[PDB]
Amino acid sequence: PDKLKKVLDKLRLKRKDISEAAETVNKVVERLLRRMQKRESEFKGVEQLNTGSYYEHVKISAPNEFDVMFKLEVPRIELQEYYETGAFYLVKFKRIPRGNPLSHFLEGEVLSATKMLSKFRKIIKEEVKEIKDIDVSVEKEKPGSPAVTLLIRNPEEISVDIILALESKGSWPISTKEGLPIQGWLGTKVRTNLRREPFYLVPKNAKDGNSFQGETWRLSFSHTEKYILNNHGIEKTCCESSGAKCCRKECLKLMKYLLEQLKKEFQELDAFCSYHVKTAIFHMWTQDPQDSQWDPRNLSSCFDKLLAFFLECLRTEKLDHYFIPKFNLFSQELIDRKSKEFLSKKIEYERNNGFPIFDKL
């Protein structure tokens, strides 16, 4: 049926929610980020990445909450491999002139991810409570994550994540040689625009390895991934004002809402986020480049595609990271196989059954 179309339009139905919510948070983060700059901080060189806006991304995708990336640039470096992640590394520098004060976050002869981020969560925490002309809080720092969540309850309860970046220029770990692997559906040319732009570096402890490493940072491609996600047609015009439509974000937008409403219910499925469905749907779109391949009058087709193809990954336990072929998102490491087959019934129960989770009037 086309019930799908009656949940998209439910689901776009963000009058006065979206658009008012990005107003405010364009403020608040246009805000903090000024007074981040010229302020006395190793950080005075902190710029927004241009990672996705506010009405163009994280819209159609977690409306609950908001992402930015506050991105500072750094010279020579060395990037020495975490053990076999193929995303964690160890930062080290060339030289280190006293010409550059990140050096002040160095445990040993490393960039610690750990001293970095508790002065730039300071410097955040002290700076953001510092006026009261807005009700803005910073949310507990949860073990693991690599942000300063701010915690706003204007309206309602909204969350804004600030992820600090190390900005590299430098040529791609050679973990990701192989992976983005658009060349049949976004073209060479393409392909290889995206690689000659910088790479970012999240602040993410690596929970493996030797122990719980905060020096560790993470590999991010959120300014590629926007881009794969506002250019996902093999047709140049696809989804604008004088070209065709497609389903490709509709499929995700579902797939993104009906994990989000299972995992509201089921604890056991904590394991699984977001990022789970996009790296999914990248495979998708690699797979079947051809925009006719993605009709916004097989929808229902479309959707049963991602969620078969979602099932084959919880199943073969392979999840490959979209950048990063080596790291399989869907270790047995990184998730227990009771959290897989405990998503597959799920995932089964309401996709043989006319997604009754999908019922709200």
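Just so we're on the same page, rigid core means the largest C-alpha set that superposes within 1.5 Å between forms. Residue numbers count along the first chain shown, from 1. Compared with the form deposited in another entry:
Of the residues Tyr83, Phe212, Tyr275, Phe266, exactly one exceeds or equals a 2 Å C-alpha shift between the two forms once the rigid core is aligned, and that residue is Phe212.
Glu130 is among the residues whose C-alpha shifts by 2 Å or more between the two forms once the rigid core is aligned. Core-aligned CA deviation for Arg98 between the two forms: 2 Å or greater. Positional change of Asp17 between the two forms reaches 2 Å or more at the C-alpha, relative to the superposed core.
Can you return the structure of this protein in the form deposited in another entry rather than the form deposited in one PDB entry?
So it's only the chain below, everything else dropped.
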């Protein structure tokens, strides 16, 4: 049963796609950002959110993807809750427009996400050619994506995600109030210092139906989420140099590789993404706060505990958003029962047979 340790060791693909193949992807990025803070464009104050992808972190789960956020601070913005999702909002301007080039993107009173993204893409889709240094290309604007992905073809088929995000330094939305329950895990001292940080809105189309197509934004917690990924232990020295290790990131990497390899053969699992796993292991980390329950010498037990948690999540159709309690990710609106019962069958099959899907020599 100590073969998982050999899956984890084989998982690392160091330089290929992460080390020398990730500090090149950075180099392209800051070129774009610098040059993107050029002229008199609405985005002259665009900035790269402090996040972790390039620093050997895109390499843990879902290695075939790259991601970056371009934040852009806004003024006093009123948030109109979009129906009852708790995550999709309608961005308005608190006090009447005076000094902001973001009035070019106003559809009525609300800030339209398509007009802004449609023009965002046009600038980036114009300044990547303005440099010849490497072979970088951009993807098509497909529905659902609030990103402008750069398929660069230096390292196989890379696709660095550029995600425009609205930064609001005000208090967090009221739908995230009972969320982030890290009191008994990380502490009320850590939880408070994270909620006084700005929250971000990504231009995701809430496709509820007939109402606003591209005027809806979504709450992004990628900044807070990686503060939890690197600071996951109850001891501050967890997985540090002068500290003890744990199997939290490894039990995260194994569930991502399990769901990633399952979706490659079944297109009926096109309803589950890596964020279902992320949020699942957050509920499991909060349930088991002590680092003793995640000792590296219990990788098979901790992974089986996480698998039985994801099976109960599917089984009862209840995987609440870690920051937004009322927002249930495994709602029947979003995922039909048949997919839950289909994915339960494969995860159980791989769990009862020594994980044959990880059979890589």
